[PDB]
Amino acid sequence: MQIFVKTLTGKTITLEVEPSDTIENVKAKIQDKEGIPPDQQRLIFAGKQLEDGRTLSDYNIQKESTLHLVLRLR
Amino acid sequence: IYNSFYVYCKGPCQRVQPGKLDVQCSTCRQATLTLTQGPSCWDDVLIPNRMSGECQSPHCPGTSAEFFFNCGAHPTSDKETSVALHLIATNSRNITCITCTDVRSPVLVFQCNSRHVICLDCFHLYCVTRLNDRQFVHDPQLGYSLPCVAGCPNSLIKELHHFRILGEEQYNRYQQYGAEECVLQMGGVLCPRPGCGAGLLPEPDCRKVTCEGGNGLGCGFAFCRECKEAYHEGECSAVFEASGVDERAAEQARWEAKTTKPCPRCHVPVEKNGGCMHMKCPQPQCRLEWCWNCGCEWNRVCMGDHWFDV
Ligand SMILES: [Zn+2]
Ligand SMILES: [Zn+2]
Ligand SMILES: [Zn+2]
Ligand SMILES: [Zn+2]
Ligand SMILES: [Zn+2]
Ligand SMILES: [Zn+2]
Ligand SMILES: [Zn+2]
Ligand SMILES: [Zn+2]
Numbered sequence: 001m002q003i004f005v006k007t008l009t010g011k012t013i014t015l016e017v018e019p020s021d022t023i024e025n026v027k028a029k030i031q032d033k034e035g036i037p038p039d040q041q042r043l044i045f046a047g048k049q050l051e052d053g054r055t056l057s058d059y060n061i062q063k064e065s066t067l068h069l070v071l072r073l074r
Numbered sequence: 142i143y144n145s146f147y148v149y150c151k152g153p154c155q156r157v158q159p160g161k162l163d164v165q166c167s168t169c170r171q172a173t174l175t176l177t178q179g180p181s182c183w184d185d186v187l188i189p190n191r192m193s194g195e196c197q198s199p200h201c202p203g204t205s206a207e208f209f210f211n212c213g214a215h216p217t218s219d220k221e222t223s224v225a226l227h228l229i230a231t232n233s234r235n236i237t238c239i240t241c242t243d244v245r246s247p248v249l250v251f252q253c254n255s256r257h258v259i260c261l262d263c264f265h266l267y268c269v270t271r272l273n274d275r276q277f278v279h280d281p282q283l284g285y286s287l288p289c290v291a292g293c294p295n296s297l298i299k300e301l302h303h304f305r306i307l308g309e310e311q312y313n314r315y316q317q318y319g320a321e322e323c324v325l326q327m328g329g330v331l332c333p334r335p336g337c338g339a340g341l342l343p344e345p346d347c348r349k350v351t352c353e354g355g356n357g358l359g360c361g362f363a364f365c366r367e368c369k370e371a372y373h374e375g376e377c378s379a380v381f382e383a384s385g393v394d395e396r397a398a399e400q401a402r403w404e405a413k414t415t416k417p418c419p420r421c422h423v424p425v426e427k428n429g430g431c432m433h434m435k436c437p438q439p440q441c442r443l444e445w446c447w448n449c450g451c452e453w454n455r456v457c458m459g460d461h462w463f464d465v
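Chains D and C, in that order, are what the protein sequence lines are. 1 is the number of the first residue of the first sequence in the authors' numbering; add one for each residue after it. Going by the authors' numbering, the letters in the second sequence line up with residues 142 to 385, 393 to 405, 413 to 465, in that order.
Looking at chain D on its own, in the form it has when it is part of the complex:
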């Protein structure tokens, strides 16, 4: 299934995922597409920050749905 990862700007990254995929795996696929290391990524769904050990299905994130990407600046 597809999810869309968007920045708050509107910039969209398309990922092919499975419900069973961890948020860490989603970040890996973001690393691969945009070259943002997973450490610098924060993913949010419906105002909730997603935890790395949880799956997409844990948050009931549906196919075609959108996660918001925010950047951690250290």
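Warning: the hint list may mix true and false statements.
Stated by the list, open to error - These stretches of chain D come out as covered by chain C in the derived footprint (C-beta under 8 Å, 3 or more residues):
| hint | segment |
| --- | --- |
| 1 | 6-14 |
| 2 | 31-44 |
| 3 | 54-67 |
Calculated directly from the structure, the hints in this document are not laboratory data. The beta carbon of each residue, even a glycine, is placed where N, CA and C say it ideally should be.
Given chain D, put chain C with the ligands in place with the hints provided.
Chain C with the ligands alone, transformed into the frame defined by chain D:
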């Protein structure tokens, strides 16, 4: 048609629609799981491995039931699932709306202690006005939600897909506002450049924030976290001048504010189980499976449309 379940169809319908419940074996993933007894509540269909039975497929030792919902407005690909909205109910109890005092259907039932009920038209209004005014509530564990309109404690909506009531454009706005609010509650900042608004989580003790990333991610604006103008070494110079439910109705709008039908075959009377509409006659020599609601033999239609009621 009596519909117990409401879902959001994300194409073709793109709206909250009556849903069809179905069950499959969790191991072989075929519609082969016959349940010992039907679901009786939402917990039965929403919590994994809660219900059990027998896979009819012989090349399978499966015993655990996996429930799923499809839209009821058209035929669907077997895997073309829709999200269920467990708070939405058909108003089979004729409960008045907390806001408009009308008896409408369907309704949404808040999970406050009072179990207050609001019609879907008033729920929409609630959502739109609260989203336009940025008065949705952020919880670190629950996200961007709304409580019961009565302001009851511990009553934030947990299933955030209920905000699909808003429609596609406004839902996206809700998710956008929710992300922004999440950032701010974490002590983060949004890029102040028009047409950007990137979410940034810098060090807590840093005043200079840069909208980092390439031409793809960031805009490169360096701003002061305090005044949200471009970074500067002085005192901040920017100045911002600020221009600037009835208790009786609530009492009545509670979900918990006769019932004998004979078995079609053996005619021994039975009263409702409350939830499950799937009757299995308890008389040992009958065991006819039948629907409480329709007084007919059990079938896939009653199954999908109203396996259980609330
Ligand atoms: Zn549909
Ligand atoms: Zn099986
Ligand atoms: Zn309430
Ligand atoms: Zn109403
Ligand atoms: Zn920017
Ligand atoms: Zn400043
Ligand atoms: Zn009987
Ligand atoms: Zn029926």
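Each hint tested on the structure:
1. 6-14: holds (count 4)
2. 31-44: holds (count 4)
3. 54-67: holds (count 5)
The structure agrees with every numbered hint stated previously.
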